[PDB]
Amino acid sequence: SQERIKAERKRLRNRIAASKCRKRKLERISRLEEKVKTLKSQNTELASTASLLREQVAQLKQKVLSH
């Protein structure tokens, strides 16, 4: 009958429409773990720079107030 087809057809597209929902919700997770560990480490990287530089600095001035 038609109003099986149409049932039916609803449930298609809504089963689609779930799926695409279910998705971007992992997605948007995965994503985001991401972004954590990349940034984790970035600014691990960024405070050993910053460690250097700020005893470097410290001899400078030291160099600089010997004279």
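Residue numbers count along the first chain shown, from 1. What we label the rigid core is the largest C-alpha set whose atoms superpose within 1.5 Å from one form to the other. First, how it differs from the form deposited in another entry.
- The one residue among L12, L46, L52, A58 whose Cα position changes by 2 Å or more between these two forms, with the core held fixed by superposition, is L12.
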Second form
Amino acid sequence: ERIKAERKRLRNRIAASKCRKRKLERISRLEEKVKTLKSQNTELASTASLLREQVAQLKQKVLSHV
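We have the form deposited in one PDB entry; now please give the form deposited in another entry.
Left out here are the partners and the other molecules; the chain alone remains.
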């Protein structure tokens, strides 16, 4: 009977180990994804700011020539 308890305990510990491993993998993958997305959003935000500036200037020119 004791062997059954030891075996269920072993199975539990194994499932816990593999769960922790997969969880850490997911967390790492998500962290990388967040970093990448932040970089891309920085480049995109800067591009958008520059474009808004350029559009504002162009509008200023069109108006000045009225």
